[PDB]
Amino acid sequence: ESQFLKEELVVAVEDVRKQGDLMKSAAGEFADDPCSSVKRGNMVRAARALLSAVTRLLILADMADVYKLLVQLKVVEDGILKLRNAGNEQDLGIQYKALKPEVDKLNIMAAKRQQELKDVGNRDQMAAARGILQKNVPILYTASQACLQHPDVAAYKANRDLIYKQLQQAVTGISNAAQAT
């Protein structure tokens, strides 16, 4: 986690609040005296400063969201690899327990963004990626489990790592789409 962005985000809201005031008054003085040269330009320069403040806010707010998502992402990432490298059906069962929820949270956040991404293509990648992720997390479990029981069947290891590979890919796919709009 990193709340430096949540802190920055509030400060941003202040400038938007201050500028918003200066805008309100300049706007008022203009409405009462609309044929006024001076009063008008003051309203324009106000509107400009209000615009900068507002875009700086919207952009920053978007980072905050994407970032938040990416952190849940790196969590699930390391989980998948820790699940693969499990050496006992002990730690393996331990991990899967710790990871399942972390996969669910990531799934939720993922869904949300999916909604906000504008172009539908990206929205599809998100959906698809979240699907594979959803389906294989369990399968990777049963797969890397088998390898632990039949240590000499190279065929199982190959299978497991293929599932892991695809799973990791879905994770990045989610990350990739998440930064679309």
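Here, rigid core means the biggest group of C-alpha atoms that superpose within 1.5 Å across both forms. Residue numbers count along the first chain shown, from 1. First, how it differs from the form deposited in another entry.
With the core held fixed by superposition, the comparison between the two forms singles out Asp32 as the only member of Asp32, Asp119, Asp124, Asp152 whose CA moves by at least 2 angstroms. Core-superposed comparison between the two forms: the CA of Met43 exceeds or equals a 2 Å shift. Once the rigid core is overlaid between the two forms, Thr142 does not reach a Cα shift of 2 Å, moving by less than that.
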The other form holds:
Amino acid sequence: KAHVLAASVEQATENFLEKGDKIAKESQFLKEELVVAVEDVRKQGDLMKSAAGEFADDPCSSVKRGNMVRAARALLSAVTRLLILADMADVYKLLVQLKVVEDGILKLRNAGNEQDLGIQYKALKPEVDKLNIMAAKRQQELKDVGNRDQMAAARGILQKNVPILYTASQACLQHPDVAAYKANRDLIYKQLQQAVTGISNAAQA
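Next block, the form deposited in another entry, ref. the form deposited in one PDB entry:
The next block holds one chain only.
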């Protein structure tokens, strides 16, 4: 009946590989690297299948038991390497979207007339929304309450200030000769950049 236990390791290995194969195929980041990592999980997984099957067939053999334990170690090491790369891939995707928002904020800031300001605002709003969802999912995975709070705070500043930068820039365009509006626009822009760097650093902590 020991095979009942070996079957479960096999079932779990296949289940894991199925998920890994899909992430490696669909990833826009670390694609080749994820593929190599999954290939090894598969390689070590098949070695474990053989070792576990031998152990289950001859439980008292200190040798077969030893081969199984070592094959188990190699398998779990490969699983760990895949998890690490999968996690990095998630971080890379978030950092790319953060850059999209950072570039969009600069464009909103510097629109040359109200017509373009409205367009750059419509261009930025959706990217902010997406970034937030992604950063929130990253926040729930952060283990340090410190980094988790920094992340929460940065997301809030970003969402609260995008609408305000639009209003600030609008005032600058409507009143070109008033220096105070430009100073306000720069102040809001600064708050936003600090949120951007906050998200960037918290995401990698």
